[PDB]
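Of the protein chains in this complex, one is absent; all others appear in place.
Order as written gives the chain letters A and B; numbering starts at 1 within each chain.
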Amino acid sequence: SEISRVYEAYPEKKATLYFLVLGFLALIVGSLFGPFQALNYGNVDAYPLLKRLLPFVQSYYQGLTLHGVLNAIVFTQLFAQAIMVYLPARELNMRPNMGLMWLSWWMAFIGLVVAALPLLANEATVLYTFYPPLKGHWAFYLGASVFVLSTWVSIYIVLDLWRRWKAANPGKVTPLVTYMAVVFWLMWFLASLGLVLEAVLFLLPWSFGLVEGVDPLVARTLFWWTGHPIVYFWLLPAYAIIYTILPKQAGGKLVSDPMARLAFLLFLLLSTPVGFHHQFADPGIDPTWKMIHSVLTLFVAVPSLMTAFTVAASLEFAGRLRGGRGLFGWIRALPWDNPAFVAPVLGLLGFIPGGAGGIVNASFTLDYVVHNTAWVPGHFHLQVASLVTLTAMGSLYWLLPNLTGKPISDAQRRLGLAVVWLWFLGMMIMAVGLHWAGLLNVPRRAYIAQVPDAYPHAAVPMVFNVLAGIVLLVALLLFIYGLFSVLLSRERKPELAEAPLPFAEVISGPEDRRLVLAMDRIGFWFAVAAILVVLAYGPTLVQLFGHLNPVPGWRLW
Amino acid sequence: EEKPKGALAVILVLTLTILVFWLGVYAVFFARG
Partner (left out) sequence: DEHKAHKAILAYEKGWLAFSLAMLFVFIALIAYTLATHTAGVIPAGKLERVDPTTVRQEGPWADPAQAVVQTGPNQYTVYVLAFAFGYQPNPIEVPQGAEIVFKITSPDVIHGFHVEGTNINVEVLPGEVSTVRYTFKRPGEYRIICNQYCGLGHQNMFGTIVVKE
């Protein structure tokens, strides 16, 4: 029972779409709270209006949970699942196990729904970090558990694709996108253990009534085992696109296949064993281990530092082929008329300030300046809410058509550029507002418009937060309008749904071979990564598990 | 063609931005010590 021969031949196309759609739907719903949160940090309290529009909304904090959950968790995961399965499938021209692929979508959907109910009913106002003793409804923890576990299936699917391909090409190096996808999912698997453990050992039995107490330190230690790498789980799918698709859109090539492999390899190695950087201000964790994690965290910055050069060189290369002039001529030669190009390039621009923010946060002692302040949200909106999201948004211009056969008119294309610029601009203004107020000790996760006189010294940065909120409100609206206009038209060119993905060509060298070969020792690197995790977490976790001090749960909303 | 002037210009901006952030906050750390 399938109406287009395109989906019978490429069924993975359909599954991919459902992941995407569900992903953006969650993005829209979660982002609605954004403008109001910005105004809040501009000292303006718009929540009564929101409450009038969305009656179910009971507080600032319930809205912040939905925001953090739907945007940072749901949207990102679904996008990942879409990208890091579909791209390697199309590159290999192999069909993913479809029984499993649909299974993973249903898990994500069912899990999302189940968790949505207690969130929407104010039964789970604990934020996207859900730190105990703060106790949510069981269906929040169960829903999340299922939703995340969906990824385990995704991992399998990709590994399967990879084994099968290695069988039909004995002695051939893993193709680039596939390689990325493989190290990606493997990394995620090792990363996910922290959360799984927390859920299985504490969270789930806690919320089902089996136990009455949960040790807060151990729960947050396990959380951040997963907590940091998850952001890379958000980042790498965009990276994948940036390395292998953006150069094409820019009219150039990826200047180095090995560089891209190395970057991804480093991430497999260094993504998980750095979680204490989220725990600098915690007690009961040895200061030496914090320093160790601090160093490992500065090392995990290396991959990004490489990416910066590799991508910039590829964009410079592309600009030159387009008739690039001098030091900055290449820049103007790029296709600023194409959103799929523009969106991610803007994201990368703001990523510079974003990354510098991270490195600061990473410097142990220096975290004490900014920890839990508005600086941190400032940092990450540059990272996830900007680069990842824009990339995701911009990829709609090649991806959506490739999946649906629906073309994009010139009007939509230009509508896209406006959304893109506004989103970016809005994000930049907010970044300045939150960083500034963060140095002025304004805390994050705070409804500070309810205490107007509490932060008088943040007068001017409050203005920027108001501005952004407006800017971004407009952009979001335009996105919704533009997104649906595309998904709600009946123009269907089935030929463009059958066109290949705009993968970029890769420039290779002589020395490549032996380095590339080394990197392709996946089984070896995996164990290596595994060993680092046991080395960085083992010592501490052992001591914590010997001295468990569970405390009772609380509801403070 | 030749030396990546544009790419080097990018990673120069990045490097300087890193330095302003790090040394800017390294200063505040000691100012609040």
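As a convention for this text, contacts are C-beta pairs under 8 Å (C-beta built on N, C-alpha and C of every residue); 3 or more make two chains touch, one makes a residue touch a chain.
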Among A:48, A:99, A:283 or A:500, residue touching the chain not depicted: A:283
Chain not shown: contacting residue from A:51, A:95 or A:445: A:445
Residue in contact with the excluded chain [from A:294, A:391 or A:465]: A:294
Hidden partner interface residues of subunit A, rising order: 59, 61, 127, 131, 133-134, 215-217, 253, 255-256, 259, 279, 281-288, 290-291, 294-295, 298-299, 301-302, 305-306, 309-310, 313, 317, 359, 363-369, 371-373, 441, 443-448, 450-451, 454, 507-509, 511, 543, 547, 549-552, 554, 556-557
Residues in subunit B touching the chain absent from view: 1-4, 7-8, 11, 15, 18, 22, 26, 29-30, 32-33
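By definition in this document, only the chains that are shown with their structure count from here on.
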Cα-centroid distance, subunit A relative to subunit B, in whole angstrom: 25
Touching residues on subunit A, where the partner in the complex is subunit B: 308-309, 312-313, 315-316, 319-320, 324, 326-328, 330-331, 352-353, 355-357, 359-360, 363, 365-366, 368-370, 439
Contact set on subunit B toward subunit A in their complex: 1, 4-7, 9-11, 13-14, 17-18, 20-22, 25-26, 28-29, 32
